[PDB]
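Below you'll find only one chain, the form deposited without the named molecule, shown as structure tokens.
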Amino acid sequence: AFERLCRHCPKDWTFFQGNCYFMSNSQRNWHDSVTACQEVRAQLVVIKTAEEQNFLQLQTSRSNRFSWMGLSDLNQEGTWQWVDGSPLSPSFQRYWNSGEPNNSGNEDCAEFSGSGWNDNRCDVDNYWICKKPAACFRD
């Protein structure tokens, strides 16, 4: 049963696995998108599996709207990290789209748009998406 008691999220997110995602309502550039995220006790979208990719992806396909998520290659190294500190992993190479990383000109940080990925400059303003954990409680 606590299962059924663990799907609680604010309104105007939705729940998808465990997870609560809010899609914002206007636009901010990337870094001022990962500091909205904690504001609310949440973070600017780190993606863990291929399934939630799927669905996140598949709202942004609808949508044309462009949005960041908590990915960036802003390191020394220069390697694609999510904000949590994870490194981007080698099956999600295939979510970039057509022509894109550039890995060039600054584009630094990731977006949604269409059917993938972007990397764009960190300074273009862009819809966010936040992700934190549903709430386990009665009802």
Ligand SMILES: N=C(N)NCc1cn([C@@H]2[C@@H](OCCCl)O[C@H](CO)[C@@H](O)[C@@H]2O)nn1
Second form
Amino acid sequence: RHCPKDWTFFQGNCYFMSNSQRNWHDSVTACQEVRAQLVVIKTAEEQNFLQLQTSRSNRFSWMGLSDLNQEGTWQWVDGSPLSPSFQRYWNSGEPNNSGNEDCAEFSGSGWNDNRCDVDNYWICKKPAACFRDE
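Moving on from the form deposited without the named molecule, kindly provide the form deposited with the named molecule bound as a structure.
Since only the chain itself is given, any partners or molecules it might have are not part of what comes next.
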């Protein structure tokens, strides 16, 4: 199974680590432009994959998670809630809402809540295909 050039294959999906920095809303749009989605994490193994991808490039990166709803709870850009077994991935002391932080990112060894208006790297996810989707 194939991924586009400069996407990474992991367990049937393709992952794009951005070369540029954009705000969270612009990162949502950027992933949609390439038939993809600002990354929604579905399994522990996927989180482990992504956390090490980001940790080693030492890059802070947007994921598809925000509390921009009425409840103020963390929900994925596909509308699914943050499951209890993922609360462990927040960094020590996070989320801390330090300056109106509604958008989740990879930060060091876990997750951070950041201001949505910050320019950050991002990761897109789409299914692997029989062809390279350029």
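Positions refer to the first chain, counted from 1. Take the two forms, find the largest set of C-alpha atoms that superpose within 1.5 Å, and that set is the rigid core.
- The one residue among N103, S91, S98, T49 whose Cα position changes by 2 Å or more between the two forms, with the core held fixed by superposition, is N103.
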